[PDB]
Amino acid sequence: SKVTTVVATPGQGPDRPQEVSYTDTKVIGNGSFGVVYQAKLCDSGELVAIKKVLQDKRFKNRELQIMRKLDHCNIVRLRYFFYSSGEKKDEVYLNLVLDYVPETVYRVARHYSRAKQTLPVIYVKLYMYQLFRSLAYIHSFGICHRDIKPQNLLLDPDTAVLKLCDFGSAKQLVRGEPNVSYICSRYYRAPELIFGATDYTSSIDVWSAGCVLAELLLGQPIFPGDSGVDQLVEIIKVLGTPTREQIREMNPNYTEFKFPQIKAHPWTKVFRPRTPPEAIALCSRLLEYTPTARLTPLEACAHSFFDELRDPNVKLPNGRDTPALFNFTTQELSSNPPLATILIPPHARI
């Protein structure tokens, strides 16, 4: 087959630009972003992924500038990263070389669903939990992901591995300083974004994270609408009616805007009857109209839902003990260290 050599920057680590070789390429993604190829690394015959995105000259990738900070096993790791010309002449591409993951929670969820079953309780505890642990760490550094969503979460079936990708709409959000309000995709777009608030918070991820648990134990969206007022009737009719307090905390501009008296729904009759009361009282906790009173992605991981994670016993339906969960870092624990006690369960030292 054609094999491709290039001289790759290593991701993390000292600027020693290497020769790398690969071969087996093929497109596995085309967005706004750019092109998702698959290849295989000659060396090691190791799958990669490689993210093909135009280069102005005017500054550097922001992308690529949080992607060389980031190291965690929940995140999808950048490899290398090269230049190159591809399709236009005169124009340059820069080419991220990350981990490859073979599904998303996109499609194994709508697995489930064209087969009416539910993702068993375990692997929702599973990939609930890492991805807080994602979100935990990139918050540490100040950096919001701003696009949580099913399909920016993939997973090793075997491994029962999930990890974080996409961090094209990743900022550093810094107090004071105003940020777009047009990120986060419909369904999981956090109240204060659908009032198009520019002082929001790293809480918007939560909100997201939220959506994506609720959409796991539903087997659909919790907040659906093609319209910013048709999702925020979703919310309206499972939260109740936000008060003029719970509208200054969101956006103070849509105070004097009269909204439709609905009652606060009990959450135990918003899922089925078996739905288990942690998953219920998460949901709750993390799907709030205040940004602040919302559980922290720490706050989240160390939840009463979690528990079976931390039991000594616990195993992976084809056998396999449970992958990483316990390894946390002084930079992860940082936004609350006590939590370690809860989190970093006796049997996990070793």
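Residue numbers count along the first chain shown, from 1. Note that the rigid core is defined as the largest set of C-alphas that superpose within 1.5 Å between two forms. First, how it differs from the form deposited in another entry.
Core superposition between the two forms leaves every listed residue (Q65, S304, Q55, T296) with a C-alpha shift below 2 angstroms except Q55.
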Contents of the next structure:
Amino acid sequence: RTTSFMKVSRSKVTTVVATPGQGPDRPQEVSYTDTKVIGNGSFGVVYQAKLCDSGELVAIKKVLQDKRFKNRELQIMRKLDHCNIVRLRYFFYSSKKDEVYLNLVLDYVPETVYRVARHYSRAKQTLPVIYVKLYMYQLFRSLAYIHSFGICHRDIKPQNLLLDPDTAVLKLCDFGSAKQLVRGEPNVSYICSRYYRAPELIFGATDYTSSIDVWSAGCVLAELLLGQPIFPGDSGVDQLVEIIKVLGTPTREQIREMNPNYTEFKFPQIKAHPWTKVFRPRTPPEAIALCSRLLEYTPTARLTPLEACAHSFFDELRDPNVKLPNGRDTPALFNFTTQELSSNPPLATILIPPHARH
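If the one shown is the form deposited in one PDB entry, what is the structure of the form deposited in another entry?
Partners and other molecules omitted; one chain follows.
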């Protein structure tokens, strides 16, 4: 759930002095019109609007600045610059009475992985594998990027994966739970949303790593393959039972890796259900393989995001003759930076195909 402990002119024009997301603080007057809510929650309100100068659509995430908790969302977003992470254009502050709200002006992205998957579900179809490949690959790229700065998202789930259906570009959003993890410094365990929470988090670990994002990603993958969440359940126990019912009871050593405080309890020994029986018979073997290397009890045994990008499941995306089903070409996929590849530079031989060099 939670983390650790303006003038109006004439359509109707709202003018504010907003600070650009990148570079040194150099605030500039920003004007926008056609404001409407495209989302509302206990966190605040999300609006769509159109910038007066360029006519470009933006999202404005308005969040209350609660001083009772640690708010790293702005601090974290400002440092991020990646093609698979939603762009922070500007931010500004505005006035619950006697309260100050933070406004994040972001690029507007019309869909999410969640809404798109819901379409296939109610249509009783499955998302074509080509999209599963495209979306998951871009997700892993975004994870490789944030992890290289030591930043863990902590809330990976389909609702936080924005999509432009025309370009098939995925952008990771919502850094309201994100944090730079430091070994030796404890974290909040009640993080990550139900269905997507790593087993070590459910066992209440406070010393977890960025590999919790990888588990969440594995859940997204499985969900896209399956047509529904793989580990549903209201409570942690409910969720862990679903996990055990697939992976089998974790061994004492796997338990120790997750949370040593549970090593001495005598858990009934449930047999693993073969991944090939979990999914439909027409599921590609390499998708199953990838999934099993993501959804591991031992956090250190999980693939890193960069390793996941290099997995054989994404081999098709490296074929020069591939295209989107709508006729268009695939988005940028091989423009890796030195930062992105820092965890494992030799992987560039796989990640950057020969036809991508030119």
